[PDB]
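Just one chain follows, in the form deposited in one PDB entry, and it is written as structure tokens.
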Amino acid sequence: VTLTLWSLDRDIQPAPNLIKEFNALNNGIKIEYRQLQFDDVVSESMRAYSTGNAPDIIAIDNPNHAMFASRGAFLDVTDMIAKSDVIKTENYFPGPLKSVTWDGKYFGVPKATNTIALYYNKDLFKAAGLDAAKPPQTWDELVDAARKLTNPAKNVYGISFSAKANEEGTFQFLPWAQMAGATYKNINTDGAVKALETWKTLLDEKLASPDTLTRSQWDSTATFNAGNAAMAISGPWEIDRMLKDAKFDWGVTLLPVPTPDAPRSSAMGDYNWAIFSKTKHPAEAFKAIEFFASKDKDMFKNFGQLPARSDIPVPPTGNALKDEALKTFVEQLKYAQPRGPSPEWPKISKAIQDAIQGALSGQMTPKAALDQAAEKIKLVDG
């Protein structure tokens, strides 16, 4: 049997390397890889499905999963998963599992994951009289610390993050709303408004740069590495550069909660495996995904990517700060929540982006902005 697999993974990233190993097996299945190019995974992929030309297997960005699953494009793998001795749903973090779920059925298997958390400069904490062993755990503590850490004389903002008018702004904002008891289907609760007002306060009180509105997570975190922001909300992808560039002692803690007993959340990036529904070789496609999952234990070591799984430890990385950071990130992943899952996620995300921009620019109040977003979202998902 010959299978086809499409992914954005580059030559040194997991998919093509896993494919080479799978093909080397004595198992009568062979996979041919197509490397998808930037920004095309979704467009090319539902073009291909509509014309009967989809691959057998795809690695799809998690917020896109529900669109394919709800429209019949992905194979229902519920029973296959149940029978598998390799793929066990209890191994996975809850958020990634939810992203492959539609209508009480599994339509894929998580491939990898990431999240965001709160980096902090322990040396600037000490200079401000803050105990570096006790980083902020609530939104109020976070704002208090950001104030104490802001230092115009030395061009330091207390915090950096991203509210960019792209997917990153929604990615960063949604967990705050979720911790306050809101969802994408209900994004204008007074709790969600409090989240957005908190962001507005950070900007208006000069505790976060105005460039928060236009800057990527990566570019925001560069300012933390340079010592111009005392805290940063970003992901595990930052660590190696931070080790090279940040000339200070630093730690990482979970994204703070609005009140001590509030449910935790954070953002959730990266991809899922899926089988296209008209594959002529469903059993063999599933066996390939089982093989990939069986190697999740080696993913971080080999590729520097985190499995979507709670049963796999992060191996020692050779650096103590990196180990501690990743300890926090894997704890955070217990609480990471998906965007959606919604077949109309792109439209919904744009509505939320427009609300963030409208509020933080002062064009609309936070409540007026989120009321407008909720109205748009109710047309398409509820």
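Under this definition, the rigid core comprises the largest set of C-alpha atoms superposing within 1.5 Å between the forms. Numbering follows the first chain given and starts at 1. Compared with the form deposited in another entry:
- Of the residues listed here (212, 265, 101, 172), only one shifts its CA by 2 angstroms or more between the two forms after fitting on the rigid core, and it is 101.
- Taking the rigid core as fixed, one finds a CA shift for residue 76 of 2 Å or more between the two forms.
- For residue 358, a C-alpha deviation below 2 angstroms is recorded between the two forms after rigid-core alignment.
- For residue 54, a C-alpha deviation of 2 angstroms or more is recorded between the two forms after rigid-core alignment.
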Contents of the next structure:
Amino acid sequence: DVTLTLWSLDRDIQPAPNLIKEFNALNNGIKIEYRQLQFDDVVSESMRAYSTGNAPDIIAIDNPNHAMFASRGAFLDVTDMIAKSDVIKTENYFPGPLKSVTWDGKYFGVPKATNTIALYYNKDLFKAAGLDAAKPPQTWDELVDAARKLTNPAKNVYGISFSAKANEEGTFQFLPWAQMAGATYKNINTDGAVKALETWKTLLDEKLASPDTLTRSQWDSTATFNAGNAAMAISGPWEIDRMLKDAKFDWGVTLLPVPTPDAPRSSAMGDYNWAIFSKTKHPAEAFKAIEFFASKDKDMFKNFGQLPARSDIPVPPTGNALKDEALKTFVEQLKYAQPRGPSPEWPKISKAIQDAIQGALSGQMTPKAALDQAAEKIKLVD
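Mind pulling up the form deposited in another entry next to the form deposited in one PDB entry we just looked at?
Excluded here are partners and other molecules; the one chain stands alone.
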């Protein structure tokens, strides 16, 4: 057999290792060996590996990181293999995910999935507080007010859970708030972005969210929602299948609340892209594996609760009411998602934002000073 290696952060029950097992069972002359990475290590491990001459054949890379690798020659130009493919067609893909694999008018990968974040809420805790579980918060003021009402330390409940972690997750979580208030990563110190960061400060200062928000992943924050220890959660569709299994309460999911009544909805475009490293000894076999993965996209939501990056295969209902309501909401929020970059310098942009978030939330800098500093750094690097 030709043996390929594939690196991804996907957990044992998430798509990649399971797709690999299905592929390997074909006995088609190709086998794939999987290595699970941690979110925080995907970029560092894989660029080091490429630089030292032992990158894997295939990686699932976070979409904002794609341009760094593509621009540095780390990824194989798959333009001609895509053109020849019947399985993979560029017209199948949403424009944002497709653009994220492009560099210099060439394709350097194939989107794996797409996502964004939305607001989960525990309807039983809403009801118990005297709130209307059919009318979740629509505005930031409503969200914060609900979070206050739902914060009940005597019952071990925070009003809300989210992530402000000093990694790409914190940036991914903050950008929607800044963007809804009229900012972008290119202009992250507008008065609206300051208001967004002041609002985060309110959530932490008033103990509406755990202090661990500063250091905890989206996944680990949402585990507290699933356990009934946070009444609301801001997270992605990757939570759905686990939430269905673990959350022992009625819940819903709605669009991210907006800063003023009828202000624009906005969020960041999430999820990963398949890529082949440029010095693979097996470009055809690696591309065949990616074709196989793409061929299974139609079953991604029902099997894993993740969303394809594709307009050709609108996701059908599963038949589970909670899951299908989640689908409707994430499909709607996705319409407002904006790409991070493309930028080969995305990590430096993101680090600037992460540091602003931490500086403001710890009280070391005012939100204004924190974001002014970030904007100055970004102006240089971007």
